[PDB]
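Given chain H, work out where chains Q, W and X should sit, using these hints.
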Amino acid sequence: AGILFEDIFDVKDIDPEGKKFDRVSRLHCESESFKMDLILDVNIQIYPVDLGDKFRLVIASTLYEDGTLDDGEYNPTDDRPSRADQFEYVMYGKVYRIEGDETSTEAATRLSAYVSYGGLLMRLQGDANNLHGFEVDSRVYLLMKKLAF
Amino acid sequence: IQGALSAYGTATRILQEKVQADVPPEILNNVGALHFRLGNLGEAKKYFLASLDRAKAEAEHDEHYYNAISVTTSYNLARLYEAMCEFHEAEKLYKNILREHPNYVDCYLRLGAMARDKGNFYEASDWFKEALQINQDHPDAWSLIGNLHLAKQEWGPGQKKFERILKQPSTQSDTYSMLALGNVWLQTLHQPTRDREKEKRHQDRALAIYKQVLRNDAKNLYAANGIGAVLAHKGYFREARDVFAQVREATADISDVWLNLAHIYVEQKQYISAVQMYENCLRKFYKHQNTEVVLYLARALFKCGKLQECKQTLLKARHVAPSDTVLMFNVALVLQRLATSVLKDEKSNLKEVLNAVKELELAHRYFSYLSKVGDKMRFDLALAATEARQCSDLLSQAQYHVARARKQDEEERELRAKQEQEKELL
Amino acid sequence: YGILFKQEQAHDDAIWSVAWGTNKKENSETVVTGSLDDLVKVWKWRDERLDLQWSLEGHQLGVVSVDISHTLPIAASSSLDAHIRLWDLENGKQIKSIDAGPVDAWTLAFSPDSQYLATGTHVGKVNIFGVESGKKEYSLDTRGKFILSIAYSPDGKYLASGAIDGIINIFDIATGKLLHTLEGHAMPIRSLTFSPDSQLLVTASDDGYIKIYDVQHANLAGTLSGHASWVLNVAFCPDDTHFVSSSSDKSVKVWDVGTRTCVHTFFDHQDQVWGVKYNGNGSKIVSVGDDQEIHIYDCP
Amino acid sequence: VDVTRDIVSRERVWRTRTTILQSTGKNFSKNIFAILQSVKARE
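Taken in order, these protein sequences are the chains called H, Q, W and X.
Read left to right, the first sequence gives residues 2 to 150 (the entry's author numbering).
Read left to right, the second sequence gives residues 427 to 852 (the entry's author numbering).
Read left to right, the third sequence gives residues 5 to 304 (the entry's author numbering).
Read left to right, the fourth sequence gives residues 218 to 260 (the entry's author numbering).
Check each hint, because a few of them may be wrong.
As the list claims (entries may be wrong) - Under the rule of at most 25 Å between Cα atoms (straight-line distance), these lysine-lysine pairs were calculated in the DSS-like manner:
| hint | chain 1 | residue 1 | chain 2 | residue 2 |
| --- | --- | --- | --- | --- |
| 1 | Q | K637 | Q | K626 |
| 2 | Q | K624 | X | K257 |
| 3 | Q | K742 | Q | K695 |
| 4 | H | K20 | H | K147 |
| 5 | H | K36 | W | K254 |
| 6 | X | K243 | H | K55 |
Because the hints were derived from the structure by calculation, they are not lab data.
If we strip away everything but chain H, and leave its shape as in the complex, we get:
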């Protein structure tokens, strides 16, 4: 396994402050079941997303189903069956921060894992139970795929 997260989101606002770049746009999705936020930047040129689209977003820790935890180098010649074969947009990033509503005494209820995909940021701001397998400085995949419903 290694599925740190899994859900259905739907684009609720596309680049809202105005488009800052040209091949990259902010998607402000919301979730459907766990009721999470998402702020994603996608390569809007090779994978275009329009408003009201719904996609299944699986944040995974590895790509191989058995969870054998690859190294972090790119080797294209590989037979092993992956999870990327049933998705359309796969990214690979590094969680760089985990903010939360901790107080000094009791624990936190809402977390925010900020991961960064080679420069293209993401923030999965939810509640502190779905954000469990996320610890700062760890490599993570994105795996999203548009639902044609």
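Using the frame of chain H, we list chains Q, W and X on its own:
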């Protein structure tokens, strides 16, 4: 539904530049019909009122039949009024169609639904059968018949006959009835007679029903809905998430998937993914505190946020109808779980030892009250004896630990004094 | 026609009822509520402001019913712990604790004479305990399923009860006998109250119709379409001109008792409202529920 | 009467019962019967 609206907005104004001609009622009726499905119910109501006023003006439009146009506009208008928290106006509008054209079916079918809210034994069960004698080839009116027998599932095996009436080839194929058969066949599961080679045959029968409605309809979701139910009943929860994934992805806004998916999650010790799935089903504007959800909510909860809080939801459930025995039993089982989690290995706070005995006393009073009730959860509750013995030795352990409470009291008093003297030195 | 006071986070847990006074016996200015967090807060609506005056505790289970005595500035509180504890809004102390065991304890019913207290029993009967006694004085032998609502009349001439299957049981508190049995519903009756004149009887079932029957001849005066969710709480204005309706849909409609029309609706509650009650004069409309937010609705 | 054929001939039914059963999208059974058949051979 926004595109037809954008086209009707401009088609409404494009008919005024050539001449001063009022808009025919036929365009306003459909533009209000689109808004009926939307949240612009008041605006669709003004559209329907104006479509009525315009179609009434057609005194010479006897070829286009203004009368059928006022009939359809008033039909959508009573369909809206039933939905605008106003069944009185919907009854009166639907009766104004009955008084002028008793050969109409939807106005006669929509009247029984309004009384079916007050009970399934009123003029609903009568109007629904009166519509079928006038039109027995109406699959809507005949499918409504089997829906009456769904209130009382005592017609479990006997419903097969009344569902196989319009199973003739002239109606074939009908996915609605064939799937209602698979549903009445699945309801027969969850029984301990599976080793009698009886429920396995039932699984294979419903699976054949589903494979047939699969071969003829690959895009029907309800077909895979029962297949996932049977594969879970076969013991494949690891392989039921994959079958339910295609269903969830297509539309997860059906009340069934939020639950069928939630049972695997509560199955794999993920109440963290199961408790939100139950709250999300309860996000609908139909109730607040259902019994069947909260039954599924407490399954293998042992955690501190899963025992004391589970009592709060249990009380929210019994608040609406305390007459159930299983609520009154589970509120006791959780109470014993909490009391044994403070009076066995704890060596814990002092006020809680005082509160745990009060809870244990209430649980013991409920132990005696449950045992006198006749009917049970299709399972006799004669096994309360182990619970009574647990509460007995719990009383003994509480009387043993209430002295630990006083020992910790003297410990904290001497700690505060030995600190007050250090402060007096300063 | 709006909201005057807005009490944010009125509790830790959801509020299930709300009680407010209508007389001048130090009841109309204090607000007694009972929520599931086991806090019987005594809110003192002083200086047109909702201030906490007392904070009463002791209930094992969450408070199920709160009401102010008519001829008396004291109060009481029931819960599902079969321990109905009497309280006093004069000292914030406990009077007594009727152990209505083992479980048979439901909503309260102050008599207008403030001498009897009705409480539902799981057996179907309506046990009439005595306020200063605590013992089971006399119980109505009308069995069935369960009493889901009990109410006293403002002048004390009749008494009704909501069953689990929509069965109004019109009792006679002057002799203790079942006179009528109104079965115009098949939905579990949530709550009901009597008109200020003891002439109309509203019934809050789970069909979303406000079927206002009559008591004098036991007949229906007219079917009012209520909300789309289940009407939980329903109260009459003291001056008898309107009546409010709490449903389970975040909706505070104020229906007319004469024309059967919504004269105003509130949508300030993010959750479903659980308790509604008038003021002594009927302008301020207090409201509670799962939002744990006490809104004070003015309709001058 | 003619009021029946006056209305059943001009109206439009975009949604009915069987519409509700299929997804609005394109979810064939090649991805369904595959696992459905794989589960029967392991038993």
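Hint-by-hint comparison with the structure:
Restraint check for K637/Q and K626/Q: the C-alpha separation of about 16 Å stays at or below 25 Å, so the hint holds. For the suggested pair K624/Q and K257/X, the alpha carbons sit about 19 Å apart, so the restraint of at most 25 Å is met. In summary, the hint linking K742/Q to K695/Q is supported, as the alpha carbons are separated by about 24 Å, within the 25 Å threshold. Of the supplied pair hints, the one linking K20/H and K147/H holds, its CA atoms being roughly 22 Å apart against a limit of 25 Å.
About 21 Å separates the Cα atoms of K36/H and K254/W, which keeps this hinted pair within 25 Å; it holds. Between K243/X and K55/H the CA atoms are separated by roughly 15 Å; this keeps the pair inside 25 Å, and the hint holds.
Consistency note: the structure conflicts with none of the earlier hints.
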